[PDB]
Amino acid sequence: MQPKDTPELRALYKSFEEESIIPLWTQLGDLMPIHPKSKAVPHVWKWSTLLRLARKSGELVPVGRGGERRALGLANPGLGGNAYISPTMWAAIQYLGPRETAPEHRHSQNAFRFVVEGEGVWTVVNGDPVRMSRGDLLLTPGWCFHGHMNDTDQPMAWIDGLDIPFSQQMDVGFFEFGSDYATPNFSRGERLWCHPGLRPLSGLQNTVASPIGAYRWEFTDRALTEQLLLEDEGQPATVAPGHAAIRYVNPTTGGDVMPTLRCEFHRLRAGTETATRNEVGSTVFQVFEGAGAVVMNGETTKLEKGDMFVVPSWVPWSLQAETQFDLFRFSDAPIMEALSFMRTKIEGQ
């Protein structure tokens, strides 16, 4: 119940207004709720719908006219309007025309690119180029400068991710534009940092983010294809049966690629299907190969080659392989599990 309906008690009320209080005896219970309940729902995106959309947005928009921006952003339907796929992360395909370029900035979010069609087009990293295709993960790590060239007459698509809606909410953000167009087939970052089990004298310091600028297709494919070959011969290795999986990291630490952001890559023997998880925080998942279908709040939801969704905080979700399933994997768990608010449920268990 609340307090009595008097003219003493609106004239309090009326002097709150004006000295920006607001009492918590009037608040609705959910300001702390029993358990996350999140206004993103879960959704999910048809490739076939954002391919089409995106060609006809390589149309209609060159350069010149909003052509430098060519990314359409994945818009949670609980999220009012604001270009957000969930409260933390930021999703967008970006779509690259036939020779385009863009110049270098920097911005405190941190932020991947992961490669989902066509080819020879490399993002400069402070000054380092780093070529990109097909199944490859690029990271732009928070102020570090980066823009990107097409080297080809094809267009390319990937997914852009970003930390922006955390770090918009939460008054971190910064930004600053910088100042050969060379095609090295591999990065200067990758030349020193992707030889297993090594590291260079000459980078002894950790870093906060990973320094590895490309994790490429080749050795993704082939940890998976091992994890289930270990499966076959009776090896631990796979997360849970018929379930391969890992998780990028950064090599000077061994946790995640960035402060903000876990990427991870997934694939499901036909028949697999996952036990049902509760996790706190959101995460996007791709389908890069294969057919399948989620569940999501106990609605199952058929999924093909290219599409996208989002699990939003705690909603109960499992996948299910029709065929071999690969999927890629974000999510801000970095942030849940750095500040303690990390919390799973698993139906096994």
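Positions refer to the first chain, counted from 1. Heads up, when I say rigid core I mean the largest set of C-alphas that superpose within 1.5 Å between the two forms. Compared with the form deposited in another entry:
Only one entry in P42, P316, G290, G67 has its C-alpha moved by 2 angstroms or more between these two forms when the rigid core is superposed, and that entry is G67.
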Contents of the next structure:
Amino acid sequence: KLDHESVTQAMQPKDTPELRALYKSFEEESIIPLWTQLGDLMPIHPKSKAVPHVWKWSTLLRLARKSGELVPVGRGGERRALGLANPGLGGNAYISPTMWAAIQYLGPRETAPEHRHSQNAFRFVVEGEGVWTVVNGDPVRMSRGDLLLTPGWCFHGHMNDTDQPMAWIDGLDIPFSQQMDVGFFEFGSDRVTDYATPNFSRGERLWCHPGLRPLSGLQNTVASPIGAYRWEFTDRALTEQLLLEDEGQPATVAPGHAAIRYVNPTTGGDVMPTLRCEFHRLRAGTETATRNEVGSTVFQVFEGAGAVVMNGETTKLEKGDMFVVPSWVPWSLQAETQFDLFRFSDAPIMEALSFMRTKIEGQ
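Which structure goes with the form deposited in another entry, now that we have seen the form deposited in one PDB entry?
If you are looking for partners or other molecules, they are not here, because only the chain is given.
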């Protein structure tokens, strides 16, 4: 089938003074013709400006740690968060066209003051403890393996209750929101509104009992009311899938590939309107079938060792390393040991708007 390089170009006008005058009037009148731009504007398949890229956790940690020494956290700058900037996205602090990802660092006894914004956000922890994030006044402990949510427009601030630093990753729909013009922002309290440090938040104490819904929470929500998806449950779910597979029972998405989607328990859908969160566990030796998927995804290695292949290029990966797969880039994971990864993506956007497509090798 023809592409933009092989098709006949039948709209090539004669290069005369009249043509050049027409084209000068276009500039003056804020007009740009489709016929000179077609192939750029409307590619055969997606061709992102973002490139696949890997950031090493050892490098992220060094830069975050040095930032903890040299930059105080507080009002204005709001957070000591270091955004991952895709080399292909022109100097914008965007890991992909839709998503922001950052390593955030909070030192001994620091607080990061309360604010809210339309942009949706989550926190994920490969390692560490000591921080509580207070979401609409509800303190939520942050620990290794936990997904924490802060849906758009919820007040949130954080405090380190400890004499030891903690780091984690943030994901937000900042780049989508900046480009599409949906951002609103409000400064809240200079200190978190509750310094208490309970083991479990009020949201969890209501919503984290499997298959049960409070009669006071019968209205569905656009975002999950669960503030913490704790490691204990994620680990148990993934283990049970591999055990069910051992027993000859359906459960894994693919052979030796256990995986869950974190969900809004009021609907069974995605945690937030713009962001999908998953967790994958591959047995030693597993090699996933190559996928092309519309929209972008980011993974963080939680545990074990393995590799990612993107555009045919293998990169070895270790605990904490992060990678981005832009739209339609062919990708696969290869597990050396048992290989655990946290994943996020802009797939709820693509699916809501009927733009999603998937190609899987061998099917």
